[PDB]
Structure formats: C-alpha cells, structure tokens
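**Student:** What follows is each chain in one-letter form.
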Amino acid sequence: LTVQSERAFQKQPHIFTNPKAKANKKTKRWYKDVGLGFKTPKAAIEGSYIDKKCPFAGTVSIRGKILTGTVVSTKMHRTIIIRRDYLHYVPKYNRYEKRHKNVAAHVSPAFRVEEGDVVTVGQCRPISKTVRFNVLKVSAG
Amino acid sequence: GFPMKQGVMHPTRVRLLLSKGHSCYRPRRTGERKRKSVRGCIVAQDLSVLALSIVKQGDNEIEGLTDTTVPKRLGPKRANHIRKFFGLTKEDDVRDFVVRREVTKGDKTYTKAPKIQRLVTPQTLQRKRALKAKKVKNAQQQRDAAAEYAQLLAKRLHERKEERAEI
Amino acid sequence: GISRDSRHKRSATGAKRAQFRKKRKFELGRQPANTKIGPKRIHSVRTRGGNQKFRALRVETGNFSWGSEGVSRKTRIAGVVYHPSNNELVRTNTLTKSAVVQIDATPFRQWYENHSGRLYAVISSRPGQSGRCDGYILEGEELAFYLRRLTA
Amino acid sequence: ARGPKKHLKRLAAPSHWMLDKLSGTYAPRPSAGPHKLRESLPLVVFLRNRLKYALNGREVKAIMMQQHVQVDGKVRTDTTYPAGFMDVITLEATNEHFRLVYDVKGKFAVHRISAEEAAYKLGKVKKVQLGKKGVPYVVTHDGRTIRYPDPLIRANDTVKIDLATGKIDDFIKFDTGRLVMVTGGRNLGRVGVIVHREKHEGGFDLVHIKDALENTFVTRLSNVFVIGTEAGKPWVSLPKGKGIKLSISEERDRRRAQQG
RNA sequence: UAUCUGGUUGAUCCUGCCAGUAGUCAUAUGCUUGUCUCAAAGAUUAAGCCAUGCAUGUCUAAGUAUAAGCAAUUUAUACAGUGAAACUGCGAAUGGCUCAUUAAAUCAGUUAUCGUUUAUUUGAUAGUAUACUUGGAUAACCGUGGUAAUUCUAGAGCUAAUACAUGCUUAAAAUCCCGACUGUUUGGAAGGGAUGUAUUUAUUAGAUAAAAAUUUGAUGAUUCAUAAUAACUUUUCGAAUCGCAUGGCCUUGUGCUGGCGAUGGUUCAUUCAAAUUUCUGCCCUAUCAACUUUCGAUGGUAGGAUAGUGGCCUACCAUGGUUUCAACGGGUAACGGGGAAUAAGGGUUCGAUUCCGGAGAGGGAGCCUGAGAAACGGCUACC
RNA sequence: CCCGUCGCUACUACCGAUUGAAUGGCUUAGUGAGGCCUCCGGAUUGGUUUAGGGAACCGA
RNA sequence: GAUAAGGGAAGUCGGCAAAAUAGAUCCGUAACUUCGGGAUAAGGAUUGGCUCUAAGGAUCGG
Numbered sequence: 005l006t007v008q009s010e011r012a013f014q015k016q017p018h019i020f021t022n023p024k025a026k027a028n029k030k031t032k033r034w035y036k037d038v039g040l041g042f043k044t045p046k047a048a049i050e051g052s053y054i055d056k057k058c059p060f061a062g063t064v065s066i067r068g069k070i071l072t073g074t075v076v077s078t079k080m081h082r083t084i085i086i087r088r089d090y091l092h093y094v095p096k097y098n099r100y101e102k103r104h105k106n107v108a109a110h111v112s113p114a115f116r117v118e119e120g121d122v123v124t125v126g127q128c129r130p131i132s133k134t135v136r137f138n139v140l141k142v143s144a145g
Numbered sequence: 060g061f062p063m064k065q066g067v068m069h070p071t072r073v074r075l076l077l078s079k080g081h082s083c084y085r086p087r088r089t090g091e092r093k094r095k096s097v098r099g100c101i102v103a104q105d106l107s108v109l110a111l112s113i114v115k116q117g118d119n120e121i122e123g124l125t126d127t128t129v130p131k132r133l134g135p136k137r138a139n140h141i142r143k144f145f146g147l148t149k150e151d152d153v154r155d156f157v158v159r160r161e162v163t164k165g166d167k168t169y170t171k172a173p174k175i176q177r178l179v180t181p182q183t184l185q186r187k188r189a190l191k192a193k194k195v196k197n198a199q200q201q202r203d204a205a206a207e208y209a210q211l212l213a214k215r216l217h218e219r220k221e222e223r224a225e226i
Numbered sequence: 002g003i004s005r006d007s008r009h010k011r012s013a014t015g016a017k018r019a020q021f022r023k024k025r026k027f028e029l030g031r032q033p034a035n036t037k038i039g040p041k042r043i044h045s046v047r048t049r050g051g052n053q054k055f056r057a058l059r060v061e062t063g064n065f066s067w068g069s070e071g072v073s074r075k076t077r078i079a080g081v082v083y084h085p086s087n088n089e090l091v092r093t094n095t096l097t098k099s100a101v102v103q104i105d106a107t108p109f110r111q112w113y114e115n116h168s169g170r171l172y173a174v175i176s177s178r179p180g181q182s183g184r185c186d187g188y189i190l191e192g193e194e195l196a197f198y199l200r201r202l203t204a
Numbered sequence: 002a003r004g005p006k007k008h009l010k011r012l013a014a015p016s017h018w019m020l021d022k023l024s025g026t027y028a029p030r031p032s033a034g035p036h037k038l039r040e041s042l043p044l045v046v047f048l049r050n051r052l053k054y055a056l057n058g059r060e061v062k063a064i065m066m067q068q069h070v071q072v073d074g075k076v077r078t079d080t081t082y083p084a085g086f087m088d089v090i091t092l093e094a095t096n097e098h099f100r101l102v103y104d105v106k107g108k109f110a111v112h113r114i115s116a117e118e119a120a121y122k123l124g125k126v127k128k129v130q131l132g133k134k135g136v137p138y139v140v141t142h143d144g145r146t147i148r149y150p151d152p153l154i155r156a157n158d159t160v161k162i163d164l165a166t167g168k169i170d171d172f173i174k175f176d177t178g179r180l181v182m183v184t185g186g187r188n189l190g191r192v193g194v195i196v197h198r199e200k201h202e203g204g205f206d207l208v209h210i211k212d213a214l215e216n217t218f219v220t221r222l223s224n225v226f227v228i229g230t231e232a233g234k235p236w237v238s239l240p241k242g243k244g245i246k247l248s249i250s251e252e253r254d255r256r257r258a259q260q261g
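Chains as they are written, first to last, in the deposited numbering: chain M, 5 to 145; chain H, 60 to 226; chain J, 2 to 116, 168 to 204; chain F, 2 to 261.
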C-alpha cells in the first residue's frame with residue numbers, strides 16, 4: 005500500500021516542502037481539528053495518506069447533522085455504508101414498526117472499520133452522488 | 060418588395076435570422092431575433108427598383124436631379140462639430156456662430172437654434188471643483204478617522220502593556 | 002442544452018426517474034475549450050449574474066513560478082508531456098490543469114545568473181475558466197515521480 | 002419562479018401589522034432595506050394603519066412626497082420603505098418623534114419620544130471582521146457598517162450610534178445581568194436581565210432571561226437584544242407596560258378595573 | 001343524543017345482509033320562490049378548438065429637443081415654458097389562470113451553504129505616480145420607393161447624448177527592485193524603473209500549557225477575513241453627465257474658489273431572491289421478486305463544465321448500489337400541504353378550488369437579452 | 001318438499017381460425033430540422049492612417 | 001454466360017430458372033417445447049489504409 009498509487013502525484017494542495025531547506029527533510033503535513041469535541045486520530049497527524057475528503061487531512065468541513073449507525077459494507081474503496089434502525093410510530097394502532105434507512109458515508113484511511121462496528125458520521129458537503137456524510141469517530145462492535 | 064442585404068452573394072431570395080445591428084430588420088424588444096426572407100445582393104431581372112448614387116456628373120443636366128439642391132436640415136450642434144465645421148479655435152466663442160432658422164408665425168418671426176453640447180461653462184467648472192474638493196475632503200476625513208483609530212489602538216495597547224506588567 | 006442536473010440520472014436503487022420538469026437555465030453547461038498552443042486567442046463568455054469567463058482556445062506563454070526561489074516569470078511553453086486524465090491530450094497537446102508541460106528556461110537562467169533549455173511545469177490555472185496557463189516548476193519527489201512516468 | 006416576487010397577499014402579510022382581512026386582496030410588500038421583511042414595518046402601514054394620519058395610500062404618498070417623513074435622520078420618499086426595530090421616525094412638521102419598540106404583546110408599540118432621545122438609536126453588533134486594507138468593521142442589526150470600532154467590541158454587543166455622524170457613542174458588553182429585549186419568538190417584546198447563558202456548540206445558544214416579576218424564560222441567543230447596563234436602567238425609553246407579561250386573567254382584571 | 005326500526009318462521013331465539021334514518025365547504029335535477037346581509041360559479045367530460053376587443057407600459061427642475069407643434073415676448077440671439085416623435089434608462093421573469101404530468105418526485109416540519117449567483121433598497125468604500133473638457137456614427141426629421149398583404153423596410157441628405165469608442169487633471173511622504181560610481185570591514189550612492197483597485201498563479205504572516213540556565217481578528221471547525229513577496233492580463237475602473245441657487249477673496253479677471261441635489265461607479269456588508277442540501281413522513285397493487293451497470297449503475301484518482309458542490313460529463317480503475325422492515329414494476333376516474341365533511345373516543349371520506357410550495361402555456365426541443373427565463377400576452381425549428 | 005339432463009325465450013361473461021383490428025406510452029436502428037460552440041472565410045467600411053500617379057497595411 | 005428504365009410473379013400447373021442473403025465482431029432474438037432445443041430465429045450496427053497507445057510472457061541476478 006503506497007500513497008502515490010495514482011497516475012498523478014498525490015499531495016495536499018498548497019503545502020510546499022522547500023527542497024532548498026535545512027537538513028530536517030520531513031514533508032510538511034497540514035491537518036485540522038473538526039470541532040464539536042471530536043478528537044483527531046493520530047494516523048492523520050502522523051500518517052502519509054492523501055485524502056481530499058478526509059475531515060482531518062482534507063479540505064472538507066463538518067457542519068449540519070451528526071448521525072450514528074452500524075457498518076454493514078466496507079467493499080468500496082474509501083466508502084462504507086452504515087445502517088440506521090429506527091422505530092416509526094403508527095398513531096392509529098398506538099404501536100410501532102421497525103424501519104431502517106441506509107446512508108452512504110466516506111471513511112478516511114485514518115480509521116479502520118470492519119462490518120459490524122458502530123461509527124459516528126457528521127454531515128458534509130456532497131462529495132459523491134450518494135455520499136454526504138463523513139466518518140468522524142469509530143466505536144468497535 | 061424584399062430588400063437587398065449586403066454580403067448575400069445570390070440573385071434570388073433567401074431567409075436569414077436577422078438580429079440587432081443587421082440591416083433589413085428592426086428588433087421589437089432587446090435581444091430579439093427574427094427569421095426574415097431577404098433578397099440577395101446580385102442584380103438580376105427580378106428587381107422592382109434599383110437604387111443608384113451619382114458618382115461623377117455626366118454631360119447633360121437631369122431635369123430634377125442635377126440642377127437644384129436641398130440644404131441639409133440641421134446644422135452642427137456639438138461644440139467641437141461647429142469648431143470643425145468652420146475654422147473655430149478652441150478659444151473662439153461658438154455662442155455667436157450658431158446658424159438660426161427663423162420661423163414665421165403669422166406676423167412675428169423668431170429664430171430657433173440648437174442647444175450646444177460639450178460647452179465648457181462656469182457651472183461645468185464648478186462641478187469639476189466640487190467633485191475634486193469632495194474627493195479631497197473625503198480622503199482627509201478617512202485619513203484622520205484612521206489616525207484617530209491609530210490613537211485609540213495605541214492608547215489601548217499601552218494600557219494592556221501596563222496591565223501585563225501588573226499581572 | 003447541456004445541463005448538470007441529476008434528474009436525468011437514475012436513483013441509487015436503480016429506479017428510472019420520471020420526467021419532472023423541463024431543463025432550467027440555472028444548471029446549464031457549455032463545451033470544453035480544449036486549449037491548444039498557438040497565437041493567443043481568447044473568447045469571453047457571458048455567465049450567470051453578469052460575470053465573465055475567458056475560454057483559452059489557444060495560448061503561447063503563461064507565467065510560471067519557481068517554488069524554491071519564490072520567483073515567477075512569463076516564459077514560453079513547448080508542449081504538454083504528461084496528463085493523468087487522458088493520453089490523447091498528451092498526444093494532441095491540449096493544455097489543461099494537472100498537465101505536465103515544458104517551458105522555456107531563458108528567464109529562470111537569466112535570473113539565476115543575475116542573482168536542456170526546457171524546464172518541466174505543472175499547469176495549476178484553468179485555461180477554460182480564466183484564459184491563463186499559469187503553473188509551477190517541478191522539484192523534489194513530484195519531479196521524480198513525473199520523470200519516472202515519462203521515461204518508463 | 003424566474004425571479005423575485007413583488008406582491009404580498011393580505012392574508013400572507015405578517016400578523017403584527019394588524020391588517021384587516023376584507024380591506025383588499027393585497028398587503029404592502031416592504032422594500033429592500035436595513036431590516037428583514039418579517040421583522041419590519043412599512044411606512045405606509047405605520048403612517049396610515051397605526052397613526053391614522055393618512056386615510057389611504059394616496060395620502061401617504063402625498064405626505065411622503067412632500068418630504069415630511071424622516072427615518073433615522075434621512076428623508077425617505079419610498080412609500081414601502083422597510084422601517085424596522087429601533088429606528089427613529091421624526092415628523093417635525095407635527096413635532097412628533099416615535100421609536101419602534103416591541104410591546105410585551107408582540108406588536109410594535111406607538112411609543113413617542115423626545116427629539117433629544119430621537120437623536121440616537123441602538124444597534125446590536127452581529128459580526129466583527131476585517132474590511133479592505135485590514136480595517137475592522139462592525140455590522141449592526143439594521144445592516145449598518147461602522148468602521149474603526151473600539152477594539153474591545155465583539156459580537157452580540159450593543160453600540161449606541163450617534164445617528165447624525167454614524168459614529169459609535171458608546172457600547173454595552175454582552176454579559177450576565179444586562180438588560181435585554183427579546184426580538185423573536187413568542188416572548189417578543191419582553192424585557193429582563195440575563196441570569197445564566199447556556200452554550201451549545203454547533204447549535205443555537207440559549208439565554209435564560211428573568212422578568213421584572215421574577216418570571217424566568219428561555220430563548221435563542223438570536224432573539225436577544227441588550228438594551229441596558231442593568232435592571233431598571235434601559236438606554237431607551239420603554240413602551241407603556243414596561244415589558245412585564247401578565248396572565249390573561251390578570252389582564253382581564255386590569256381592564257375591568259380601568260373601564261369600571 | 002355514545003339511539004336504532006321493518007323484512008327469512010306455523011310461532012321462537014340468532015348470524016347476517018337488504019331496506020329505513022340524518023348531515024355534507026356535495027354535485028346534479030324537479031316543483032316552488034316575498035324581504036335584508038353574505039356569497040360560490042366551464043374544476044370534474046375535452047391540458048378539446050378559438051372569431052373579436054382588451055389585459056404592459058413608463059418623465060421628473062434634474063439623459064438627449066431646430067417637431068418646419070402650441071404659447072408669450074422675456075432676467076435671455078446657443079437653448080430655457082409646455083411638449084408629440086424618436087434615441088437612452090427601467091420594467092415587461094410581477095400579477096392572473098390551470099392541475100396534464102408527477103408516488104422519495106412535488107410537498108410538510110426541521111437543517112446546511114466553511115458549496116454558490118444575486119438587478120434593486122439601505123450602510124460603508126476609491127488623491128496612485130487637448131483639461132476652459134476627445135472622436136464619428138445613428139434615430140426622429142426631409143424627400144425617392146417596392147409588395148395585394150404584416151408592428152416589413154431600402155436607397156439619399158442631416159443632427160444629439162448618463163447611447164458607442166477613447167482619455168488627463170493631485171497631496172505629503174514612504175517602501176521595493178536594477179544599479180554607474182564610491183566608501184573599502186561591508187556602508188553611501190547618481191541614474192533607471194513599481195506602487196490605487198480588479199484577474200491568475202506560486203510562496204509566506206495569520207501565534208497563543210503555566211517558572212528556571214514587540215504586534216497578531218473571527219469560528220465548534222477552515223488553506224476564513226486580511227496582509228506581504230514574485231510575476232501575469234487582446235488591462236476592469238479611480239465621473240469628458242445633469243437641475244436649481246448663485247455666494248466668498250480682492251493683486252478690478254469672464255481670475256481663484258463653492259451650496260443643496262439627479263444619475264452613475266469598484267469592493268465589502270445588508271435586504272429582496274435563487275440554486276443545491278440533512279433528517280423523518282406519501283394512496284391501491286405480489287395475477288410486480290429481484291432491479292441498476294452496452295450507451296454511469298455504486299465508489300476511487302485526475303480533469304472538463306458550472307455561479308458553485310456533485311458521475312453533472314470525460315479518461316483510467318475497482319464491482320459495487322437497492323430489496324420481503326416490500327426494492328423494482330404497474331395503476332391512480334393522484335399536484336403536495338394549510339385545511340373540509342361526519343364524527344363519545346379512536347377513526348372513515350374528501351382536498352381541481354380564496355393561502356404556501358411545485359409545474360405548465362397544443363406536444364416536444366433549442367436559445368437571445370437580461371441580475372433574474374430554458375419565458376411562450378419573447379424568438380428559432382419540427383409535428 | 002325437491003334434483004337434473006333435454007326443448008323454447010332473454011341477458012352476461014369465457015374460449016376461438018383470423019401471423020384479427022384500433023388507440024396511447026417507452027424504446028433499438030436509419031434519416032434528420034434548428035439553435036449553440038469552434039474553424040477558417042472576408043460582401044463592405046472606417047482609418048494605426050502613409051502617399052505625387054497614389055502604393056500600401058491595421059481594425060470592425 | 002452477362003446486363004437492363006418503370007412495375008415486381010400480373011407469367012406459369014407451380015416463383016420452374018435466375019436474383020437477393022452470405023465471412024467475422026458486437027447488439028438483439030418470438031410462438032412452441034420431449035426443457036435438450038427452436039437459433040445463424042427474426043432484426044440491426046461495424047469492417048480499408050496509415051500513425052500510434054495499452055494488455056497478455058521467458059531466462060538470469062539475494
């Protein structure tokens with residue numbers, strides 16, 4: 005697994021490592037905290053992956069709704085699907101029925117998720133046809 | 060009756076999409092375009108009328124065409140147009156050179172003359188002075204409001220310097 | 002007219018979406034410029050809100066910046082030599098973003114003196181948006197990756 | 002639909018204008034201006050429906066075309082000018098000065114003030130940020146932009162604008178114990194002091210406000226307008242009733258005693 | 001008013017339906033019809049077809065007036081009052097109508113734009129390194145017309161602008177680059193260029209855990225605001241405009257200065273908006289169980305296009321995405337909602353229709369202008 | 001009391017040769033109006049404008 | 001043994017004789033069925049030359 009696996013060089017935009025510099029030849033890395041009390045995983049501060057859609061190493065911003073669900077599919081590259089279960093109230097019968105909605109979310113390489121885990125996703129700008137949420141925290145299941 | 064359009068190299072009629080600025084068309088609203096049939100620019104036997112301009116006068120006078128003349132309806136109106144028309148200098152006074160056409164209303168006749176455009180007048184210079192004086196006054200009001208803010212910031216910063224020194 | 006709306010597409014579950022409304026102007030699209038190399042020719046396009054965009058149909062020179070020295074000079078470009086999207090653009094010399102081009106080295110050489169005659173560059177401007185082919189000079193690992201890809 | 006709307010149906014007008022159902026099909030659509038559409042009062046409504054100086058729109062147009070009406074020290078001839086919260090309207094021909102302050106019942110009270118008080122107004126600071134040439138500026142609730150503010154000024158504070166030069170006379174910091182009027186919600190028009198501010202990052206901050214009758218209510222921070230440095234010391238004259246909310250039974254008792 | 005009664009038997013008690021009964025913002029129809037107030041009305045069938053007329057135009061002291069228009073001689077021989085026609089500006093994208101399509105589509109409540117465009121209104125904001133003020137067209141107008149016919153227009157002769165195309169006028173410093181000479185312990189320098197604002201790149205500030213051996217804004221969050229450096233640009237605009245008053249200083253000049261206003265202008269903010277967008281919620285049907293992915297279906301990388309996000313499109317690469325918790329398909333005598341009728345409670349039925357949102361102008365499709373239209377009382381083409 | 005063939009009359013639906021017929025929606029393939037972008041093109045029409053007969057060369 | 005305007009089986013017992021189709025790649029493919037077939041069903045698109053690009057392997061060297 006290598007970062008430079010594409011036909012184009014993968015790098016963070018406008019983050020310049022001057023070749024004519026001192027001996028501390030460490031590639032300058034940019035990162036941010038997303039706010040809302042979410043901790044930045046150290047795989048982002050210290051990693052080398054490039055992901056423009058990562059909340060911590062990319063240019064996306066977290067704003068809007070924060071959702072939680074159970075991961076049911078990790079078969080896409082950098083994209084997972086979580087399943088959200090809820091109870092719908094039926095007023096006529098004074099009872100409930102089980103319902104579910106599937107939300108597609110982007111997962112950054114800073115996280116490792118398998119099928120069955122419970123993750124917390126925050127809303128972001130549309131980053132795909134079906135993806136509007138982006139993983140902010142992972143809880144093993 | 061279809062008119063001839065310049066550049067259509069045909070002796071017959073064609074239909075074009077005419078727009079603003081095209082001859083043979085007058086747009087009813089802004090940005091409007093109409094498809095109109097127009098006659099080509101090549102003369103043939105299918106013309107009902109041909110328009111001609113005399114370039115060089117011939118041998119014999121034409122009965123109603125080359126002997127008489129009609130004066131131009133309007134004289135120059137812009138100041139510089141009057142100056143170009145008959146030797147004025149930029150220092151000459153155009154005011155007593157406008158041609159006035161006099162109208163006869165029954166018994167008393169008076170003259171009517173155009174209002175000269177682009178004429179420099181004390182009101183025009185007054186407006187130039189007002190604009191430049193206002194620009195300077197604005198610039199001073201901004202640079203002394205900025206200077207006053209610099210005083211306010213310097214006062215606050217010095218006060219915070221002593222606040223840190225106390226703490 | 003070319004549009005960007007997702008109405009023409011089908012849903013994620015695969016359902017063929019029906020005809021909701023006619024196409025709207027506030028989602029239109031236009032043709033790619035396909036910037037070439039030739040006498041500088043730009044066309045301005047009337048966009049939404051009164052803004053104006055400049056199709057770079059063909060260009061000759063654009064400003065390029067040496068990141069190590071912080072110097073930007075206007076210099077000639079030879080042609081595009083590497084494009085991650087399509088190799089047809091490399092073959093036909095189409096100038097788009099993220100495309101590796103070769104630039105004339107005379108201004109950078111003269112600045113270096115005052116302080168193979170063609171230097172590699174990556175266009176960072178969008179000629180089909182602004183009409184300028186502005187880019188930077190490859191250095192370091194980016195340079196190494198692109199040179200490995202070019203030589204093979 | 003294809004562009005901005007220019008009409009307002011009478012039934013769709015804001016309820017605090019107190020327009021009648023059967024007077025017509027349409028209501029005055031307020032123009033663009035310093036105040037938002039829903040939180041404003043057009044001058045045609047103020048001059049005809051509230052004061053009843055003009056009997057109809059021809060008369061309000063004749064009045065405003067004779068240059069009588071001034072809002073915040075400038076002559077307005079737009080019959081649909083969107084007058085709003087805290088604006089001062091002066092009619093020196095009749096020698097009358099009004100201030101638009103909400104009463105506790107949720108409507109704009111007809112609150113007359115002296116010319117000396119009509120010489121200024123208050124504005125809530127919405128944002129502080131840097132303008133061109135690195136010059137900071139403040140945006141108040143009525144869309145005003147004041148350059149070179151006091152470096153201590155932050156968001157949610159209230160400044161007192163001289164209203165003749167457009168400069169800042171002085172300001173009030175947002176803090177516990179400040180006098181506040183509510184400018185939104187069902188508590189519109191109420192006045193009280195801040196007791197405790199409860200923050201919610203990523204959401205809407207909530208402010209706990211205590212009435213003069215020791216009634217406590219909660220409202221969003223966006224509906225809070227600081228009007229005084231402490232309890233009983235407002236920077237503007239309050240409307241009749243002093244912003245104290247009475248129950249419906251208490252109001253019924255008061256009206257019965259007042260009318261006999 | 002939380003109600004029942006007649007009908008199967010020779011007679012009985014039941015199940016059970018038929019029938020009776022009352023309302024309907026529920027339509028039609030018959031007979032009949034004196035008064036006051038209020039008031040629906042070609043939705044249902046045919047989003048079937050249309051004669052005719054009207055429904056969108058518009059001028060203030062303040063854009064352009066030689067109407068050969070009217071009026072009077074008057075503070076006026078450049079015009080000056082009033083005022084057709086035209087050019088210019090703005091509006092014509094509002095309103096009004098209808099409900100064909102449309103079943104996660106529209107819509108409702110709740111969210112987001114740190115993902116964008118925004119005429120206008122309202123605040124701020126621009127001294128930037130021939131001037132007593134630049135050009136040449138054109139309309140109306142005059143007079144030659146062609147066609148049976150249209151809100152068709154062509155030749156010829158004029159003339160104007162806040163129309164079109166161009167252009168100076170100015171503070172004081174200060175800073176940066178190149179740099180002849182010079183000082184010669186690394187300084188001083190003549191002379192050349194550059195400074196406002198927009199565009200496009202690249203690179204730097206943009207800080208903020210508490211003692212020992214000088215500045216630095218906001219946010220929950222940013223590569224935000226903003227500043228600086230090196231350049232770039234078929235070089236954006238920093239008023240060649242218009243009305244009323246006519247004042248002040250004398251070194252007796254058409255001298256120098258200046259008051260209230262019209263309109264316009266760059267950027268930021270505001271407002272009127274627009275466009276996408278999070279969550280949850282739609283009627284009948286399984287005699288609809290698998291659907292989507294050639295020729296985008298799900299995702300990754302790069303680009304193009306857009307006002308902007310986004311398979312919106314392209315190239316390459318993976319095989320993904322939805323579904324018995326009903327996907328997909330079909331039907332709807334289906335616009336959604338606020339609401340309406342009846343109702344002890346729970347419910348059942350209706351909602352074309354006075355308000356909000358959406359869509360359409362015979363059916364499609366494509367566009368110009370404009371801030372705003374895929375507009376139809378705008379155009380182009382087909383049926 | 002009652003069941004059913006068969007016969008007569010009337011009505012409703014079903015099957016049925018006719019590769020039956022008609023109407024509407026979606027679509028493969030072929031042809032393809034029109035607009036838009038691009039590429040040249042350059043009727044005529046102004047002069048960067050220069051010329052003792054005037055030869056040019058710039059823009060739209 | 002060839003070709004033929006317009007029509008296209010009206011010729012003849014009868015489409016006899018001739019014509020038309022035809023390789024390959026890709027798409028699409030009905031009734032019926034003994035479930036194996038029918039099937040190359042039917043019905044469409046492409047195909048030259050040149051200049052390139054990409055993929056598919058072997059043997060040595062730790």
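Keep in mind that the hints are not guaranteed to be accurate.
Said to hold, decoys possible - Listed next, the in silico PhoX-like pairs over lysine-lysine satisfying Cα-Cα at most 25 Å (straight line):
id, chain 1, residue 1, chain 2, residue 2
1, H, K194, F, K108
2, J, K98, M, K32
3, M, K96, M, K79
4, J, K23, F, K6
5, M, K57, J, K24
6, J, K37, M, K133
7, F, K75, H, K214
8, H, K193, F, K174
9, F, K133, H, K191
10, H, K193, F, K133
11, H, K174, H, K149
12, H, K214, F, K133
13, M, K36, M, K57
14, F, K6, J, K24
15, F, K133, M, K43
16, H, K214, F, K200
17, M, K79, J, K24
18, F, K200, M, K36
19, J, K23, M, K105
20, H, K191, F, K62
21, F, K128, H, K193
22, F, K174, M, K141
23, H, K214, F, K6
In short, the hints are calculated from the structure, not lab data.
**Student:** Now tell me if each hint is right for this structure.
**Tutor:** How the hints compare with the structure:
no. : hint             : in the structure
1   : H/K194 to F/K108 : violated (45 Å)
2   : J/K98 to M/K32   : holds (24 Å)
3   : M/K96 to M/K79   : violated (41 Å)
4   : J/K23 to F/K6    : holds (22 Å)
5   : M/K57 to J/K24   : violated (31 Å)
6   : J/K37 to M/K133  : violated (32 Å)
7   : F/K75 to H/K214  : violated (34 Å)
8   : H/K193 to F/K174 : violated (37 Å)
9   : F/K133 to H/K191 : holds (23 Å)
10  : H/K193 to F/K133 : holds (22 Å)
11  : H/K174 to H/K149 : holds (18 Å)
12  : H/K214 to F/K133 : holds (23 Å)
13  : M/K36 to M/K57   : holds (13 Å)
14  : F/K6 to J/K24    : holds (22 Å)
15  : F/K133 to M/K43  : violated (36 Å)
16  : H/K214 to F/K200 : violated (33 Å)
17  : M/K79 to J/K24   : violated (36 Å)
18  : F/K200 to M/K36  : holds (23 Å)
19  : J/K23 to M/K105  : violated (31 Å)
20  : H/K191 to F/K62  : violated (37 Å)
21  : F/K128 to H/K193 : violated (31 Å)
22  : F/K174 to M/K141 : violated (38 Å)
23  : H/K214 to F/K6   : violated (51 Å)
When the structure is compared with the earlier hints, violations turn up for hints 1, 3, 5, 6, 7, 8, 15, 16, 17, 19, 20, 21, 22, 23 and for no others.
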